[PDB]
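First comes one chain, alone, set out as structure tokens in the form deposited without the DNA.
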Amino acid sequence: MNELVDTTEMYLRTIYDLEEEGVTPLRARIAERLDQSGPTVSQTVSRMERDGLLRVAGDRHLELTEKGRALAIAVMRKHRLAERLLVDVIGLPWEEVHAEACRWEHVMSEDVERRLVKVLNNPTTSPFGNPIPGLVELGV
């Protein structure tokens, strides 16, 4: 746990970020970013390779497989959906929201999200400008 309440989803997510930052998904990054040691991140990656979420191409840079980009895009939609909820509705301070949504993202349901895509006034960008991926594939 530890706010990284779901490693599998965190790894996948962090790559969505590295790609969104316009940077290279180097294991050095995911290890530092998540406070995991290299020997374990590769342990996790190989594991996630054996699960069909990622693929280690020539670049050696971990790549999101259709399943990985799938379980990555949704967690980012949940993440961002909660960010709106916390700011717009709950009113948590704008700077505390991220670390909050960073957790709730692993526990929010598609059923809840839809209610949010509805109840919430603007499900286009999360508070920090970021786009809300998956909307179409959510069912809204």
Second form
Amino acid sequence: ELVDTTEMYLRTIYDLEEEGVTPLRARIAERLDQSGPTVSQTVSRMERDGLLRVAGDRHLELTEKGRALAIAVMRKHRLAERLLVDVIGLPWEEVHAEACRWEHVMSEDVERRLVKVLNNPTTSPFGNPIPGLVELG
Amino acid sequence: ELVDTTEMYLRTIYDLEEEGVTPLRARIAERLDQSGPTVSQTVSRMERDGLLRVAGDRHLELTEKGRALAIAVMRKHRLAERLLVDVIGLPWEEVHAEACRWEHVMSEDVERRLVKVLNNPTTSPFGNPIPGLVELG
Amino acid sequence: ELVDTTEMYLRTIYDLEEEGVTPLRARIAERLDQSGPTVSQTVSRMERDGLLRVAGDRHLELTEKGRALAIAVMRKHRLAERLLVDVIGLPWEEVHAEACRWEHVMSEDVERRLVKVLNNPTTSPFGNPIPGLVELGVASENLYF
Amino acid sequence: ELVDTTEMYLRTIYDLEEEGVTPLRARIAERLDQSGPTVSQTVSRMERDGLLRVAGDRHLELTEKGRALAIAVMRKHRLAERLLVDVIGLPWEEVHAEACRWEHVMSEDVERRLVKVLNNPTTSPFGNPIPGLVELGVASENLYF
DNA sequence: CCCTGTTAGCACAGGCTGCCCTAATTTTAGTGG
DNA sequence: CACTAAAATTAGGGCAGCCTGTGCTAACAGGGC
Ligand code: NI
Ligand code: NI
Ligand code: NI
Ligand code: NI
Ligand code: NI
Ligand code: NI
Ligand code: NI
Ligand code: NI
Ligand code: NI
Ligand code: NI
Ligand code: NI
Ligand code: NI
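Switch over from the form deposited without the DNA to the form solved in complex with the DNA, please.
To see the whole picture, the full complex is given below, headed by that same chain.
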């Protein structure tokens, strides 16, 4: 359903920072409609796997490793949204729902093909900036 | 890694019908590169859920329900292939692999849009036909 | 350590009714020594599961189902208490605490058999009446004037 | 359901030593009707708490600490079995089941009273030896050749 | 040997509920001003 | 009302202990070049 739990967690956190709200496990429990214990356990794993940390104040902070992955996903997300509006012609309202699944399967090759095809876009079809276009190459 | 195990088993069984090769479990192990025990388990799970059934000769055959579903995943896989070649301009030797993943996240909404935008396609860029177009709408 | 939280909440509520005190989430807090937030949360599950209802004036009331269980656990508890004292010879100061755990594991089969071997007791050795002997299936009520 | 998971695991492994059957997580899954992943996760927990170790060949081996506790539970189990047969008269088919729950709530105080009241039983009504009475402190090991 | 499969025993990811906590805050009830 | 003590909630956790899906090797079974 999430298609890829880990990435959804990484991207959910990114969203939170973007939204200005403090990233805590409760914020994720709500947004992904999953039990409290599920988020703790999924986050533990991501911690175990050097993707993030739970600070002393229980703040969620991404590691360099994790922030790299998170960016990659948001980048695909927003490239997806673009592709869906400019080219495919999917109605405004459903573009996000669709991209939420696509972000998890697009390769970086297609990403780079989209940059060309879509005319060096720098923003989602909503004003939202596209992260890490530089590292994409 | 398959993204969707079930759907991949379905499309694989479909491919085997298309190619006219005898549909055995050993056949799914080779292509999906899993172990005999692994594919037997998963198959009997799909049997449990009424997607397929093992005959007397151990022939895996799709149910009514299971056939429909497969057609739909093949429809996606190949429309994805069209889009990746005709529009995105992804190199040829990589379009399948990419669409192997995209097939599992595409919405029918996106499918109907592809039909229009791709100018009523009937085949993947590789040649093979695209099924389920009528069922689509 | 409670062994069964739910049965203990019910039995607690029943002790309180026996004793005369109004049954509030806050009494359970003090009896079972648990945090307020915990006691409210546990009570929601029991409300969810149809064991009790929290009334408009915050009173805790047992449902037919809840009351049934309450008695069945009390009955188990004072039977165990009889056994331990009259048969097993455990020192008094431990027999309640023991019964507090045994109450959560004893079946109705054992209970019935206990009634016969203890020569039809009607009270725990502390004197407190054994409830639910009728619904258990081993006695009928016959009034004396 | 099991009343206390850990103790049931310990006791089940101890059971498997008695019958001389190889102590694998798979056995536990079967006997307690639980999924493999459940027992695996729970066994890690008990490893982590010094109750047992998982050998290189996956054999489950009780640590001294886990063993003491397991004997202590097995002892309660069978003491309770004697009590249910000799004294209470619970039907045979229901006795182990009842004991399977009693084993988890009986104090050692009760175990010692039961040794007296049951005239120093050495065996459960099923024929199986009651282990750990020396540790209980009611007897002394003396060897016969 | 090979092909194809089963049976027995694992791995880990990724879901869940029950039941316990502090802290901080808020709400409900009654005394007294 | 005002003010407070008891009562309860909000907010964010903890840990134990359940589950199914989907992946693996080993060991073997039986049919066959
Ligand atoms: Ni911080
Ligand atoms: Ni979006
Ligand atoms: Ni997503
Ligand atoms: Ni056939
Ligand atoms: Ni293809
Ligand atoms: Ni695929
Ligand atoms: Ni009332
Ligand atoms: Ni008592
Ligand atoms: Ni109790
Ligand atoms: Ni060994
Ligand atoms: Ni037994
Ligand atoms: Ni037990």
